[PDB]
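Single chain ahead, written as structure tokens, the form solved without this ligand.
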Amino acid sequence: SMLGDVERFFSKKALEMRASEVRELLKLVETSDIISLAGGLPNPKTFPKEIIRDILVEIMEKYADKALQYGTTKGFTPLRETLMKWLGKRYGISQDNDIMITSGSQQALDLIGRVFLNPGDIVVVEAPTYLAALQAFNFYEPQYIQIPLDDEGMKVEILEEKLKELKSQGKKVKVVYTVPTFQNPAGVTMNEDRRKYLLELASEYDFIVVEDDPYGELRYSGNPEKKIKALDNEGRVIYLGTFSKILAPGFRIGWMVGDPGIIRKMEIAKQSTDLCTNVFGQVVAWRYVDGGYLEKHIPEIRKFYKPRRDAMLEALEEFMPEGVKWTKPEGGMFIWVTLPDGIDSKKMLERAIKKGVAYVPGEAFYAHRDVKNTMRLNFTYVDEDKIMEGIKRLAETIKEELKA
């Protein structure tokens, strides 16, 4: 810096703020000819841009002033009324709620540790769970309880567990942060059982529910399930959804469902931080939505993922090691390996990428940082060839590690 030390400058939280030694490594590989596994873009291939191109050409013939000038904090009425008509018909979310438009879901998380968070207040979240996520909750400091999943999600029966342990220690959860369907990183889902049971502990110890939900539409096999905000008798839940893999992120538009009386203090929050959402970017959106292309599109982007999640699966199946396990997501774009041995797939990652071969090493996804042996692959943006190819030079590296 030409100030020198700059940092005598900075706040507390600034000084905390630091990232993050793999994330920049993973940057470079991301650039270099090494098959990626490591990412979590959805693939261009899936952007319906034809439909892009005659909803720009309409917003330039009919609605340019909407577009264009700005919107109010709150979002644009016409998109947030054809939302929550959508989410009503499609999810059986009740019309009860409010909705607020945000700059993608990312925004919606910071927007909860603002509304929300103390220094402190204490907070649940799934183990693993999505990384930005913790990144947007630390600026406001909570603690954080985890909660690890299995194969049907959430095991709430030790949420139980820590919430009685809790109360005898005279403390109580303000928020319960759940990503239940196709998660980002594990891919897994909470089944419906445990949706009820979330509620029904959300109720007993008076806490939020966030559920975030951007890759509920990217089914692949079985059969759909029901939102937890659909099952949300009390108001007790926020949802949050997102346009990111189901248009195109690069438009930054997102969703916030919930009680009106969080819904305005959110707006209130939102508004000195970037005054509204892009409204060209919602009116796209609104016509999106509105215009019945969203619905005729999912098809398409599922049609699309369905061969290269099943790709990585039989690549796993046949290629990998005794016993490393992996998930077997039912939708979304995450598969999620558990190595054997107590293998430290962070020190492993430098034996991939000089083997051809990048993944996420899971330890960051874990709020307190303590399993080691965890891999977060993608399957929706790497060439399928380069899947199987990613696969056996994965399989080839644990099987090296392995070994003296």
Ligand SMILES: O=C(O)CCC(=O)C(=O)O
The other form holds:
Protein chains: 2
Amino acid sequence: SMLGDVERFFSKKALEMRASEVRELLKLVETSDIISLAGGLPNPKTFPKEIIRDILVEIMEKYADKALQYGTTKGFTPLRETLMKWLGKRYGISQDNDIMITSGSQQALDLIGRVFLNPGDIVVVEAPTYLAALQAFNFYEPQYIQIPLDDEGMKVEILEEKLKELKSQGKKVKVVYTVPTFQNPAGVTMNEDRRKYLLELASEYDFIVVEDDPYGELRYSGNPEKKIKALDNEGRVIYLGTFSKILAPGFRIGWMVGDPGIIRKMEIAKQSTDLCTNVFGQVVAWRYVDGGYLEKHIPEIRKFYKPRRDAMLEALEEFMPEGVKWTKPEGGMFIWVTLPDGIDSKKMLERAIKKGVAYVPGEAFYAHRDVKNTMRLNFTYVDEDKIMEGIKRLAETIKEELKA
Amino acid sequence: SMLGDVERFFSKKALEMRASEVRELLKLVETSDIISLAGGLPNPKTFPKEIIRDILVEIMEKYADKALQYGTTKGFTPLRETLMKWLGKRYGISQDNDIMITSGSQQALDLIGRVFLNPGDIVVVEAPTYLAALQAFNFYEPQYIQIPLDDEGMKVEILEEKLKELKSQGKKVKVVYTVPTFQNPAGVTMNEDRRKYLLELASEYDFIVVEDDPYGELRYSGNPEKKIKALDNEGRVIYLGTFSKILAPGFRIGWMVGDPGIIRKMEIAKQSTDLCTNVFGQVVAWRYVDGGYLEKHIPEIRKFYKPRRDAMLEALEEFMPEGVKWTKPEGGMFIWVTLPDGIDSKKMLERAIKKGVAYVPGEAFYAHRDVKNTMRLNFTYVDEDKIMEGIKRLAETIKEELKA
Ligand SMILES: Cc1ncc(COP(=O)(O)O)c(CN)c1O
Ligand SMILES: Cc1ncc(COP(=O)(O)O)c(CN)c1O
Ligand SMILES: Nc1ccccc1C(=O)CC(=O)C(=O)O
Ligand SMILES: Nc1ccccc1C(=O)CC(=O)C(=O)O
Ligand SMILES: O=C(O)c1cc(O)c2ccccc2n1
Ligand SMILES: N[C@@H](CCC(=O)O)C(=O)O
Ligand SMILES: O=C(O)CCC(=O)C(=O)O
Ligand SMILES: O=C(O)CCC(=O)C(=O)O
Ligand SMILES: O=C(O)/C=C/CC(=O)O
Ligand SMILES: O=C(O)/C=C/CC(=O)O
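Now the other one: the form deposited with this ligand bound, given that the block above is the form solved without this ligand.
Full assembly next; the chain just shown is listed first.
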């Protein structure tokens, strides 16, 4: 810096902000010849570019001033209306909720942290959970309680145990954050019973549930789950959706649906952070839903990604040595791998890159960073032939790691 | 709310967020048939819609995957590079600075608050200043020091006097926030001597200057000022620009240029707030600048607004009674009016609306809400015949107000 010790101007929270060594390493990896399984990007082959071109034309013909002018903080009315009708019909979400458009779901997470969290307030997350949610919430200094996943998602029975223990200490949880369908990073889905059990606990212990659902339309097998929000009789759930993995991420348009008192406060918090979400992309998203193109395109996204999931699951079964385990997602973008014998997957990353493969070590996905033997793999966006070769390279790296 | 006392879940800062009575009133006014001079919107007649259509075509042909995929937090590299070349050539801003793309300048103000402000830190603003900057920074709980404007912008001598008084209390200012060209709301411009004086004080007292410049290209008379940033040999200035008033606000694209140590911290802070600014609008903006269209379009924006500033200045001179004073902007969107005899312009707004005219009362533009006799008028976004009729209605409202 030209200011010398620029840190002298920084706030306390800014002084705690750091670049991640692993993040920086993976950025460098993505530009080289290594087969990276570390990405969290959707595949541009799934972006509906012809439909988008037709919508851009339509916008310049018919809606140009609306798309180009400042918008309201809450969002473009027609997009709000179209999303609530979609959400109603498709998922059974109740029309008594209100809706706000956000600059991606990522912004929704930051607003959640702003509107609900005082320093020390307790937030329950899954272990693992979405890394950037931990990052959004950490600005507001919560305390976390981690609830392990199994193959049927959050172990809600362990959450009950922890709630009773917190109660015995005169403490309570304020928010439970869940990514309950095709989780980033674990790939697994909370079953129906657990969703209903979560909502009983939310009533009994008086907390808010944030359901973050980017991936529910990217279903490749099985039958559709009930959204937690569709079971929410009390108005305790805030449901987050996004166009990032159903349209394209580049428009940065997401939505937040919940109790109108909650949404009103979120609108005021958002006003100061950005004035509105970009209206141009909101009009694109409105045409995409209201014109029926979303409903038509979803099955093409699904046909695209399914064989990539399946190739990766075949390669793991064929190549991985005994002791290695992995999730079996019904949808989404990720498979999550657990190593035997106490291998530390972060230390192992060095070895993996030297054998021509990369993955995200799972440690940063745990709020307590306490689990060291996990990895997140992505199947959406390496070449579909590079999945087999990637998984083989990873398998051989694990074999080498396991010996003397 | 269906949760009853939903406030039980809200953070301390959320409990102190409130809707503004006047802002809500003015929203209702814009719907109706009142002549509103209260807007802060640019006129869609200045949006370069043909150029935008050609660029959208171009993007879908050549840049579709870049425009539709997630971007880096810092911004789209070609827009960053083209902006730095533009700012170098046009304004003489040094290439030693770094640049981050923001989701409007508004987001830049929130990030400045996050990165620099601990509760109690002292921020100097102009009196009046940009309302949404007060609102952005208020989340971070600064103390403000207010420096009056005169017709040549911030009275930097008064800022020296206050810096000396603070120093005698063992205290110092962290950030001076200035909107030094065609201010929103006052319309006036800090002269060159004061710019240089500000930067000497910045050195002597060790603070950072945030220069927020949405309007500098909307110049209708006079010669171009030197940007404070162009005079900044120490790297103490963070320069904020936006495409809102020179392309269209709907893309929500702005930029922040400053010391690389500062910009690195801003990038980390942003990452968790929104991942990236919408890439699709960043590509549009990149073509608009690099393609030479910004430079061609600026003179058409200026030709459009100039006669509207002039009509409003003519009407005020012809209609306003004695004692009323107003600023005489060389550019931008606003003219600022001062009422005599202790009229409270907030109380007078009711009277004005009954006579078919509206404006923004000036009180909320003061950090200390202590000046009661001012008003912000906008000339960009009506009609341009309703300007004369609006100002006449306003003049008669003031005459009646001045009577018992
Ligand atoms: C769990 C989760 N939450 C939210 C996000 C952030 O998404 P957005 O692009 O909407 O900001 C993602 C990525 N699709 C995610 O995996
Ligand atoms: C002084 C000032 N700063 C910031 C902004 C917000 O601009 P943006 O659309 O880039 O968020 C405005 C509105 N043009 C403004 O007048
Ligand atoms: N590779 C990605 C692409 C898009 C969103 C997240 C990811 C990630 O998994 C991490 C990342 O770099 C980020 O979030 O900014
Ligand atoms: N609308 C805005 C957009 C950006 C910044 C200020 C404002 C306003 O001041 C409000 C306004 O224009 C209006 O209600 O017409
Ligand atoms: O005079 C007012 O009471 C007033 C007027 C405004 O335009 C405001 C905008 C934002 C916040 C508070 C506000 N208060
Ligand atoms: N290890 C993280 C980087 C951030 C962190 O370590 O906290 C990742 O793989 O994305
Ligand atoms: O998850 C999907 O991909 C479908 C729609 C949705 O749930 C969302 O995008 O938020
Ligand atoms: O006009 C200027 O001088 C710079 C301000 C500007 O145009 C912008 O922010 O876009
Ligand atoms: O898909 C994504 O963008 C999320 C990836 C998980 C993370 O690294 O935050
Ligand atoms: O819209 C603008 O350009 C300025 C608005 C000022 C405000 O009311 O915050």
